[PDB]
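Single-letter residue listing:
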Amino acid sequence: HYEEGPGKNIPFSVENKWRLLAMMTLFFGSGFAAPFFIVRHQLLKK
Amino acid sequence: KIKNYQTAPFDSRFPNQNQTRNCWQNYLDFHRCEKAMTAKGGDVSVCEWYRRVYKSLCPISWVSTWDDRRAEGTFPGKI
Amino acid sequence: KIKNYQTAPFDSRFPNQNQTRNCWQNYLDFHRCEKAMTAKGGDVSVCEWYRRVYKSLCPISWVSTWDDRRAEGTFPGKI
Amino acid sequence: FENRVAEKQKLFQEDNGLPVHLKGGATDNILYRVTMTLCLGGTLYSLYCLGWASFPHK
Amino acid sequence: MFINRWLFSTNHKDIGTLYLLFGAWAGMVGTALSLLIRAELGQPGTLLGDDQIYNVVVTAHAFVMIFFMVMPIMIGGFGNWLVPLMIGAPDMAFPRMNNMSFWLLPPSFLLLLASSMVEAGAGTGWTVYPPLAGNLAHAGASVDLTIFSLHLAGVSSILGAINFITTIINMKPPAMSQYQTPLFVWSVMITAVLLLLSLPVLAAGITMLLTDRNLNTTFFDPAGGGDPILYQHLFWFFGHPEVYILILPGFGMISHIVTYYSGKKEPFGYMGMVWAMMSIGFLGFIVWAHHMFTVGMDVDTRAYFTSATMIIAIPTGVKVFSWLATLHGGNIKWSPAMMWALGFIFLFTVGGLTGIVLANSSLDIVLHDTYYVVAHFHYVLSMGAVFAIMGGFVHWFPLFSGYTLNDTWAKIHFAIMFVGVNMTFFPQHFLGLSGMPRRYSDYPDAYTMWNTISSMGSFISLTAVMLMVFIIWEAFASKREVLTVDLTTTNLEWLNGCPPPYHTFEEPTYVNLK
Amino acid sequence: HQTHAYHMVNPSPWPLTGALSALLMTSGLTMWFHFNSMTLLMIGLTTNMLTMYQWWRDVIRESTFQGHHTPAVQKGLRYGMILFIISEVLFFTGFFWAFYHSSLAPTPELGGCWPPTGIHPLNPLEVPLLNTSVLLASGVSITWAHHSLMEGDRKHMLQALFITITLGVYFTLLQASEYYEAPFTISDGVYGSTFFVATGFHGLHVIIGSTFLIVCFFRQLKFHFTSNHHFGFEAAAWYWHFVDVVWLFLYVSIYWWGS
Amino acid sequence: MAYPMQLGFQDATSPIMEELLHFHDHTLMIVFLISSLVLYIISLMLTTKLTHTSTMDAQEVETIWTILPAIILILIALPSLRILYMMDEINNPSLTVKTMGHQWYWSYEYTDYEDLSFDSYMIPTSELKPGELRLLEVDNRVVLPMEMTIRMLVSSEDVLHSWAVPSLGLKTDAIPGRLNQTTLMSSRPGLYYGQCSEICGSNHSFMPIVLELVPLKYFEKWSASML
Amino acid sequence: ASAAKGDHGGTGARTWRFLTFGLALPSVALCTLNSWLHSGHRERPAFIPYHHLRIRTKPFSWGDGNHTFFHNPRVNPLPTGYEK
Amino acid sequence: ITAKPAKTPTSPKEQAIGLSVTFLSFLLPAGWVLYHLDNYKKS
Ligand SMILES: CCCCCCCCCCCCCCCCCC(=O)OCC(COC(=O)CCCCCCCCCCCCCCCCC)OC(=O)CCCCCCCCCCCCCCCCC
Ligand code: HEA
Ligand SMILES: CCCCC/C=C\C/C=C\C/C=C\C/C=C\CCCC(=O)O[C@H](COC(=O)CCCCCCCCCCCCCCCCC)COP(=O)(O)OCCN
Ligand SMILES: CCCCCC/C=C\CCCCCCCCCC(=O)O[C@H](COC(=O)CCCCCCCCCCCCCCC)COP(=O)(O)OC[C@@H](O)CO
Ligand SMILES: CCCCCC/C=C\CCCCCCCCCC(=O)O[C@H](COC(=O)CCCCCCCCCCCCCCC)COP(=O)(O)OC[C@@H](O)CO
Ligand SMILES: CCCCCCCCCCO[C@@H]1O[C@H](CO)[C@@H](O[C@H]2O[C@H](CO)[C@@H](O)[C@H](O)[C@H]2O)[C@H](O)[C@H]1O
Ligand SMILES: C[C@H](CCC(=O)O)[C@H]1CC[C@H]2[C@@H]3[C@H](O)C[C@@H]4C[C@H](O)CC[C@]4(C)[C@H]3C[C@H](O)[C@]12C
Ligand SMILES: C[C@H](CCC(=O)O)[C@H]1CC[C@H]2[C@@H]3[C@H](O)C[C@@H]4C[C@H](O)CC[C@]4(C)[C@H]3C[C@H](O)[C@]12C
Ligand code: CUA
Ligand SMILES: [Cu+2]
Ligand SMILES: [Mg+2]
Ligand code: NA
Ligand code: NA
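Protein chains in written order, with PDB author numbering: chain Y, 2 to 47; chain H, 7 to 85; chain U, 7 to 85; chain W, 1 to 58; chain N, 1 to 514; chain P, 3 to 261; chain O, 1 to 227; chain T, 1 to 84; chain Z, 1 to 43.
By construction, these hints were calculated from the structure, which means they are not laboratory data.
Note that the Cβ used here is the ideal one computed from N, Cα and C, for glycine as well.
Incorrect hints may appear among the rest.
To be verified - For each label pair, taking beta carbons as the anchor points, the in silico distance ranges come out as:
| id | chain 1 | residue 1 | chain 2 | residue 2 | range |
| --- | --- | --- | --- | --- | --- |
| 1 | H | 26 | P | 127 | 57 to 65 Å |
| 2 | T | 26 | U | 80 | 46 to 54 Å |
| 3 | Z | 6 | Y | 3 | 24 to 32 Å |
| 4 | U | 38 | T | 23 | 51 to 59 Å |
| 5 | U | 78 | Y | 31 | 56 to 64 Å |
Said to hold, decoys possible - As a list, the in silico EDC-like pairs of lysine to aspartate or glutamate whose alpha-carbon atoms are at most 20 Å apart:
| id | chain 1 | residue 1 | chain 2 | residue 2 |
| --- | --- | --- | --- | --- |
| 6 | U | 9 | O | 114 |
| 7 | H | 41 | U | 54 |
| 8 | U | 41 | H | 74 |
| 9 | U | 41 | H | 40 |
| 10 | T | 58 | O | 158 |
| 11 | W | 8 | P | 90 |
| 12 | Z | 7 | Y | 16 |
| 13 | O | 129 | N | 481 |
| 14 | Z | 13 | Y | 5 |
| 15 | Y | 47 | Z | 38 |
| 16 | U | 7 | H | 49 |
| 17 | Y | 18 | Z | 14 |
| 18 | P | 224 | W | 7 |
| 19 | Y | 9 | N | 481 |
| 20 | U | 9 | O | 115 |
| 21 | Z | 4 | Y | 5 |
| 22 | U | 9 | O | 220 |
| 23 | U | 46 | H | 49 |
| 24 | Z | 7 | N | 481 |
| 25 | H | 46 | U | 78 |
| 26 | H | 7 | U | 40 |
| 27 | P | 157 | W | 2 |
Unchecked claim - Listing some non-contacts, in silico: residues in chain Z with all C-beta distances to chain N over 10 Å:
| id | residue |
| --- | --- |
| 28 | 13 |
| 29 | 22 |
| 30 | 32 |
| 31 | 35 |
| 32 | 36 |
If we strip away everything but chain Y, and leave its shape as in the complex, we get:
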């Protein structure tokens, strides 16, 4: 069986708020950055 309760029903840890902040920043920052880098890629292709 699995852990239950606040902060235990999620696939990421909230045990440490600064580790969390890194995770959330990588998570949402990667999705927000991706279109800028794809545009860059297309502009650079030729």
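On the provided structure of chain Y, position chains H, U, W, N, P, O, T and Z with the ligands as indicated by the hints.
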């Protein structure tokens, strides 16, 4: 163009035992052709083939009734 | 020689925004007529109306492509 | 043929803690590992192909 | 145990959590695309210096927002979390098929990414009309990867629709009729029937595009006797239902939120609200050609589609007035979720009304393919879906997580967003009325002022999105655990606490018939 | 434990391997169409077949061997299969729409007629009529199988189901032969497009349906079905009638009216 | 053409466009009224400490808020459809002009009498003469007679385009294999501008339409000058 | 709308077997005869390179790119005509 | 809603950190690409 017309040739549009529409279509074609020619610069002799075909195939009374109805303004086909 | 032609009139057969078939029909009508008028007793002047209408309505590239295909033997309409 | 369903019912109800996709025995594990290896390897290969196809190839 | 729980899930709450995570991440992608759009238009001239890339950005922006942000969040995320709890069911009907509806979406999204990285992308519009999207004007793999992206998203949602319809019909307590189920559950059921019937037609249409591009079919190619306009009919036969699919779960969440924060045990006029949703769903299938008023259709067809389209205002207005009548006499709790719902009612109404303008095919001649249409759907769809989603997220975050948000921060976030979306999209009405086309990377100089203002607006909403991320962090960082919520007698999803145990309703509710 | 009758399914890898198989098949088709290679496509087809096999194996384990298909669970599966068939009807509706759109308004490129100039349709009274009698007959034989099962008659259930499958195979081989003999091709304009894509998706569903009936045949050989509980057989019969009705619509529309 | 800070429609150049302006004024008044009523009622619901939280009966009030919207929709649809049927009624033109969309420019054909055709390209910004309009001018304008009913036929030789002129109320999609008709009538001489209105690739933003409306005798001189 | 047959009283396996062997399979037998009388090859028609047929906007992903998937040399001409 | 006191309260200083970090994670990568747009358009 190839006279010695003998009779109406086989027409793949009308291959079956009921030839009503063959008579009807050639009658329409001839009179449509004739209408077209009587105005603009030309003469009915280009209509002759349709004339020979419908005359060969169509019962006299049908042609006569259709001619009467054209004169009367009651012919229901489009000419 | 009835003319005073300005452009193609409204045609109740083709009353809607899509005018493709109106261009196509007059193109066929003109060329069917021009073929018929090569029989004995025929002049193409009778075909003039269809000619003016299709020339007014049809894109030049459609006319040109159709002409090319009639010459190739690949035109898919019946003339 | 004879009706052997009861013996399969006994097998698949054995309290061994196994999830149903492995409860048939060692062959299930083999088929699972084959399947998963093909899926994850193919996915890696498909990412390689994206990389290759993302750039003009001279 | 991590892989078993999060990759092999058969649990409605965990699968709902995966969908919310996926949709939030997609929302960041789609927001970034929207800012690139507005950066290109934020002053006259060219920014990207490559209008094919611009067109690729516009296309991707739409697919990401619709297929990877709104539908996964509303149907996959709120639907999976809330529907089984609201009917006391122990999970969905097909708990394992449910997990595949989820896991089809990361590959779908990957195929969309691949579309934009190979060749010059699919710069087609999210409509993907041929011949622009065909193999001569869009040669190469990008459009085919887009088509496959849509096939996978389509299978995901068709199977999810099968799951939700079956669950909702079959897994209520034996005493509970359909007319005792909450409006959000109705909204998901009707959305699922629309998906079941519309997505296969889209699938047929994009499959014909695939074969025109790769197997020398000519469904849409006049040289073979095909017709580009047939593609449009097939696309929009799906696409008008799709826009009601995008809003209907929103209508369901709005009903619950307005009821809750008005301190009411029930929404005003329940059976009217069911009638109105079923009516909107039904009429949503017989209006699609209002996306085609300039393609050359006969006048009587334009008259029918104008008329049928306008009729949808009648059931929609019943819902709007019924929300107002739910507020009526309430003990109003000015929570952040209530603010989102109130902003929803007003902005959805504005957007619906410009939709009624557009329904008039005579005026649509001049407004079609202009920014007036863009303004219409960013009110009714973009703000509509986003505000219902934000209202639902703020309201149910404590249920899903066990933790409370900072309400003051949430109200600030609402305030910023409300300013930003209105500054962005309201001037686009003027741009449309005055004739600025949509899908343009640059514009005649006359249109500069409102494009400048609209782009400035887009940055304000960016500040809101960033703030939203911080607010979610702060809640998980501070760990204020929920004790109780009010109104549980009429909000069953809360009655197993916050978050509910992994298995809920193992012993079903007791409901008698009398 | 639980005191409801519904099925809490064991955590399963097959949703993930199915979703990855979809990624591999679609990226595989892309690579086939654009980069001259069948590699990814072959992996994806293989993992798809592996996924289906193990997933439906597990459903058999859960029901025949473990007893989880209570009447409530069965009722859910009935709804799910009906809804699936409805979605498949709408998919075919899109192809019929394309067919009627093209054939009711033939463009000038066709000759402005239907069938187009240069197209010589199959005679619908020859193999297409035989195929129609084949699928109609298999709808009778699968109904005999159903009643035999309900009546507890193993031998006649197996005979009738065998006949049903044999007819489905006969249809498929007749259609394969007609595809090869057809003087028109999928590249023969919109006539060929509508003909082969619509009858081709139908032929695919005949193969799917026949495979489903073969699964039922072997499960029946292994005594999985009771005289009262046999939803895999009912679903395969529903699916088979759907395949038969689509054929009738194809026959009347494309082969007969469209000739 | 549009002008800076414009809020509404371009000034009407044809009678049908005037009709649309009046119809839009009518509809927008209704839109403003309903939007403002909803906003007001929201504020009315939210500004009292009085409460009523027990079940409310809905039947009576739902007659009002189905019948009154139904009446309003009819009052929009009647002028809407009248204008629709006006646009469609037989107008007997004196001239037919075809336009063909291309990536990315328009071509025009005047083939009633002479076989005239020509291509029409955007003037690049670097080539604009002083005081000319960025993204809007073309090298060859569509010369046409004013105060006359003109049949425009629209198609495409490649992808979809759409031929639009907002101040004449015109927008007709340009579809390969299809010849779409619309009617054009300018009350005034002058220059009337429009832009391609169906996404057609890279240069969708850069293939404008410019009509040049002149008196008939000048149209004839221009026609005459082309042989 | 029920044919000219007529045999119920409590439907069952026996009745559906009777239909299977007494109507359905005889029909198949008769259509199989019909079909395997009207079999035999027709004159193939003159080739005409119509532009709406033998469409090639992209090469097929098999063979030489110019043959359809179930190409039959006897009755399927290529864009340039029948094969040798 | 009612809630227990924060298990791990986030001070204003802690909030300013999390907010700044959050904002920077959106702004810096996009900023880098947009700043260098002309370095891209010329290649
Ligand atoms: C939250 C704020 C964020 C900041 C961003 C902006 C937000 C929007 C708020 C803005 C507050 C809006 C108040 C009404 C706006 C009408 C402006 C107008 O003059 O419109 C003119 C017409 C066309 O008119 C013409 O052909 C002639 C124009 C000139 C008239 C003669 C006078 C010459 C000088 C004119 C000076 C200005 C006149 C204005 C007169 C002003 C009267 C009020 O354009 C149009 O149709 C555009 C209409 C789009 C259709 C949507 C209508 C529903 C909105 C109702 C509630 C507002 C929701 C706001 C959205 C939400 C707002 C809360
Ligand atoms: C959430 C999504 C959503 C919703 C719900 C709607 C709702 C409506 N839409 Fe819109 N629409 C879109 C999303 C949506 N739309 C999108 C995405 C497009 C563009 C796609 C593209 O081209 O990319 C679009 C395009 C679109 C067009 C095509 C315009 C063109 O391209 O030229 C039309 C035309 O009729 C239209 C009409 C309507 C109408 C009449 C409604 C109605 O359902 C609105 C009903 C609501 C009200 C009327 C308000 C509340 C009612 C009252 C308070 C009652 C009293 C009111 C009256 C009596 C009028 N929409
Ligand atoms: C024997 C009875 C019929 C059985 C089925 C036969 C094979 C079909 C396989 C799948 C059918 C599904 C796709 C239909 C696509 C086209 C195939 C049409 C049927 C067919 O087989 O057509 C053949 C062409 O096949 C070709 O191009 C090559 C086809 C192979 C590549 C197909 C690639 C496209 C697949 C796209 C799938 C999209 C699925 C989306 C589902 C989404 C759900 C939401 C016809 O051969 P021909 O030589 O042109 O003329 C015969 C002349 N003697
Ligand atoms: C271009 C190429 C595109 C390719 C896209 C490929 C996409 C997907 C890869 C698909 C792999 C499928 C793997 C087998 C899936 C079996 C699902 C199934 O059979 O689901 C069943 C429910 O759906 C039901 O019944 C009724 C529904 C049965 C659905 C069967 C699978 C169909 C998948 C394709 C659907 C396409 C939609 C067609 C219409 C357009 C069982 O539900 P579970 O939750 O499992 O169990 C519940 C337990 O109580 C059982 O004991
Ligand atoms: C040459 C090979 C080609 C490959 C391509 C696809 C191939 C073949 C797929 C054929 C489908 C096989 C489905 C087999 C399902 C077996 C499992 C099953 O039948 O499971 C039954 C439940 O039904 C259930 O889930 C019902 C499950 C529904 C299955 C529906 C299948 C339709 C699949 C369509 C997929 C493609 C879609 C179209 C593409 C455009 C189990 O319950 P019962 O029977 O009551 O038994 C219990 C009793 O014993 C108790 O006494
Ligand atoms: C649409 C969403 C976009 C929102 C706008 C983002 C707002 C600004 C965020 C800051 O971005 C940074 O800006 C710097 C400039 O201030 C760049 O440094 C660049 O410029 C510096 C000064 O010239 C040099 O020192 C650096 O090395 C050089 O990389 C740096 O790359 C970039 O991360
Ligand atoms: C072996 C089995 C006996 C039934 C049982 O095991 O009790 C019998 C009963 C019905 C038989 C099947 C049915 O008569 C239908 C088929 C008859 C064909 O002529 C051979 C295969 C065929 C598929 C048979 C194989 C085998 O002999 C079966 C399956
Ligand atoms: C009869 C049905 C259900 C009543 C019930 O069993 O509770 C109710 C629910 C919603 C009602 C409808 C809505 O209130 C909207 C319309 C309101 C008008 O006053 C009558 C027609 C009208 C279309 C209503 C007819 C009918 O009374 C409906 C359809
Ligand atoms: Cu041409 Cu847009
Ligand atoms: Cu619509
Ligand atoms: Mg358009
Ligand atoms: Na720009
Ligand atoms: Na049964």
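Evaluated hints:
For the hinted restraint 57 to 65 Å between residue 26 of chain H and residue 127 of chain P, the CB-CB distance of approximately 26 Å leaves it violated. The given range of 46 to 54 Å is respected by residue 26 of chain T and residue 80 of chain U, whose C-beta atoms sit roughly 48 Å from each other. At roughly 25 Å, the beta-carbon separation of residue 6 of chain Z and residue 3 of chain Y lies within the given 24 to 32 Å, and the hint holds. Restraint check, residue 38 of chain U to residue 23 of chain T: a C-beta distance of roughly 52 Å satisfies the suggested window 51 to 59 Å.
In this structure the hint that residue 78 of chain U and residue 31 of chain Y lie 56 to 64 Å apart at CB holds, the actual value being about 59 Å. With a C-alpha separation of about 16 Å, the suggested pairing of residue 9 of chain U with residue 114 of chain O holds against the 20 Å cut-off. Of the supplied pair hints, the one linking residue 41 of chain H and residue 54 of chain U holds, its CA atoms being roughly 15 Å apart against a limit of 20 Å. Between residue 41 of chain U and residue 74 of chain H, the direct Cα distance comes to roughly 32 Å. Violation of the 20 Å bound is thereby established for this hinted pair.
As the CA atoms of residue 41 of chain U and residue 40 of chain H are separated by approximately 16 Å, the hinted pair is consistent with the 20 Å bound. For the hint pairing residue 58 of chain T with residue 158 of chain O, the CA-to-CA distance comes to about 17 Å; that is within 20 Å, so the pair holds. Restraint check: the Cα-Cα separation between residue 8 of chain W and residue 90 of chain P comes to about 35 Å, which exceeds 20 Å; the hinted pair is violated. With a C-alpha separation of about 11 Å, the suggested pair residue 7 of chain Z and residue 16 of chain Y falls inside the 20 Å cut-off, and the hint holds.
Restraint check for residue 129 of chain O and residue 481 of chain N: not satisfied, since their Cα atoms lie roughly 70 Å apart, outside the 20 Å limit. Taken as a hint, the residue 13 of chain Z and residue 5 of chain Y pair is broken in the structure, with Cα atoms around 31 Å apart against an allowance of 20 Å. Note on residue 47 of chain Y and residue 38 of chain Z: the hinted pairing holds, with a Cα-Cα distance of about 14 Å set against a maximum of 20 Å. Pair hint residue 7 of chain U plus residue 49 of chain H holds up; C-alpha atoms about 14 Å apart against a cutoff of 20 Å.
Note on residue 18 of chain Y and residue 14 of chain Z: the hinted pairing holds, with a Cα-Cα distance of about 10 Å set against a maximum of 20 Å. Restraint check: the Cα-Cα separation between residue 224 of chain P and residue 7 of chain W comes to about 12 Å, which is no more than 20 Å; the hinted pair holds. The hinted pair formed by residue 9 of chain Y and residue 481 of chain N meets the criterion: a straight-line CA distance of about 13 Å does not exceed 20 Å. Proximity of residue 9 of chain U to residue 115 of chain O is assessed by CA-CA distance (about 18 Å); at most 20 Å being required, the pair is judged to hold.
About 18 Å separates the Cα atoms of residue 4 of chain Z and residue 5 of chain Y, which keeps this hinted pair within 20 Å; it holds. Using a Cα cut-off of 20 Å, the hinted pair residue 9 of chain U and residue 220 of chain O holds, with the two alpha carbons roughly 19 Å apart. The suggested pairing of residue 46 of chain U with residue 49 of chain H holds, with an alpha-carbon distance near 10 Å, which does not exceed 20 Å. Proposed proximity of residue 7 of chain Z and residue 481 of chain N is supported: the alpha carbons are some 8 Å apart, at most 20 Å.
Among the hinted pairs, residue 46 of chain H with residue 78 of chain U is inconsistent with the structure: their alpha-carbon atoms are about 31 Å apart, more than 20 Å. Of the supplied pair hints, the one linking residue 7 of chain H and residue 40 of chain U holds, its CA atoms being roughly 16 Å apart against a limit of 20 Å. Restraint check for residue 157 of chain P and residue 2 of chain W: the C-alpha separation of about 13 Å stays at or below 20 Å, so the hint holds. The beta carbon of residue 13 of chain Z is kept farther than 10 Å from every beta carbon of chain N, the shortest such distance being approximately 13 Å.
The beta carbon of residue 22 of chain Z sits about 4 Å from the closest Cβ of chain N, which is not more than 10 Å, so the claim that it is off the interface is violated. For residue 32 of chain Z, the non-interface assignment is confirmed: its Cβ lies about 13 Å from the closest Cβ of chain N, beyond the 10 Å cut-off. No Cβ of chain N comes within 10 Å of the Cβ of residue 35 of chain Z; the nearest lies about 12 Å off, and the non-interface call holds. Distance check on residue 36 of chain Z: its Cβ is at least 13 Å (rounded) from any Cβ of chain N, clearing the 10 Å threshold; non-interface status holds.
Of the hints listed earlier, those the structure fails to meet are numbers 1, 8, 11, 13, 14, 25, 29, in rising order.
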